[PDB]
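Go by the hints and put chains R, U and L onto chain S.
Protein chains: 4
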Amino acid sequence: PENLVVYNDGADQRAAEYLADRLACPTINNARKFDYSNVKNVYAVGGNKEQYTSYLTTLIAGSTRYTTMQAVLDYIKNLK
Amino acid sequence: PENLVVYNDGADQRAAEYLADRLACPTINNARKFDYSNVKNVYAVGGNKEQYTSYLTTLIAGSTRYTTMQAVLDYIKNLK
Amino acid sequence: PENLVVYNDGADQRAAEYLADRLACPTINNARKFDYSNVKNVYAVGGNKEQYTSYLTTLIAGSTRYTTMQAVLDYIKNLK
Amino acid sequence: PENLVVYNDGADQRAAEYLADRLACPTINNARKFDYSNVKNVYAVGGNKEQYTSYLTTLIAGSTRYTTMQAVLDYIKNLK
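Chains as they are written, first to last, in the deposited numbering: chain S, 195 to 274; chain R, 195 to 274; chain U, 195 to 274; chain L, 195 to 274.
Source of the hints: derived by calculation from the structure; they are not laboratory data.
Among the hints, a few may not be true.
Any copy, or any two copies together, can satisfy a pair, since identical chains are not distinguished.
[Unchecked claim] With a Cα cut of at most 30 Å, we get these calculated BS3-like pairs of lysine-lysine:
no.: 1; residue 1: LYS274; residue 2: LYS227
no.: 2; residue 1: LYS234; residue 2: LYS271
no.: 3; residue 1: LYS274; residue 2: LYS243
no.: 4; residue 1: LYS271; residue 2: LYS243
no.: 5; residue 1: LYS243; residue 2: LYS227
For reference, chain S alone in the conformation it holds in the complex:
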């Protein structure tokens, strides 16, 4: 209900756990059927918006697994 990070099976879970560390919050596998309606900030890591809940707040993703990870690190480093 404050922050949640969602990811799909595979390399993107890696990036998601780094984001979850910085935000001090939980992660969730997108394959798990879940009620996102009461989560304040829903972050998605990797892929496209259509894969995720319509309650998504922020998508962090690049062209590859490596650039998705770079995008997360950029996001983490530039938080104020």
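Positioned in the frame of chain S, the structure of chains R, U and L alone reads:
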């Protein structure tokens, strides 16, 4: 606010993700400072109760990483 | 060249890391193009044999992610 | 015997798996007692050299989990 699974760095994350799959819920690393007061069911996987929040509901843990995993599988298999 | 554990993206990596702990060996993601010809024992965790190298020695897999994990634990517990 | 990536429990495994993807090779947990003498290139991700085998070839590590990950991405991106 329904279910959350907490784990410590290492092998226990493995067991936690299996439990989170069965419960269709998020996981959280115990190193992340987090407010557990509004979570209905807090599950902890591995270790002892003193490592975790006082809002803990269910600890699933054995003597080793392998028996902790066995305990989680037992828990999953026997849910009705 | 003694032991190697191979897995596919997702839950099966979890089981593979438990097996790799017991065998004190490396793991490899099956998506990585790799030369298996010089590995003495090739273990695969989850799925079917057709997914993996023809140098496969032992497949440990069940009907589900949970029973694949059970099969690995059985294998670990019963080693002499 | 060509490439192997070693890591310690925790966040550094994340970076190690990205490196292993790029190099198409296995990963190994540093807690596993292992014979590194016949591996051509031994990569370590995170921490200091004293934690790892003396057969280590390349250490990729920063001041934090996040900068260790950045260092791996830099390494991956700049390979020719």
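*Please name the hints from earlier in the document that this structure breaks, with their numbers sorted from lowest to highest.*
none
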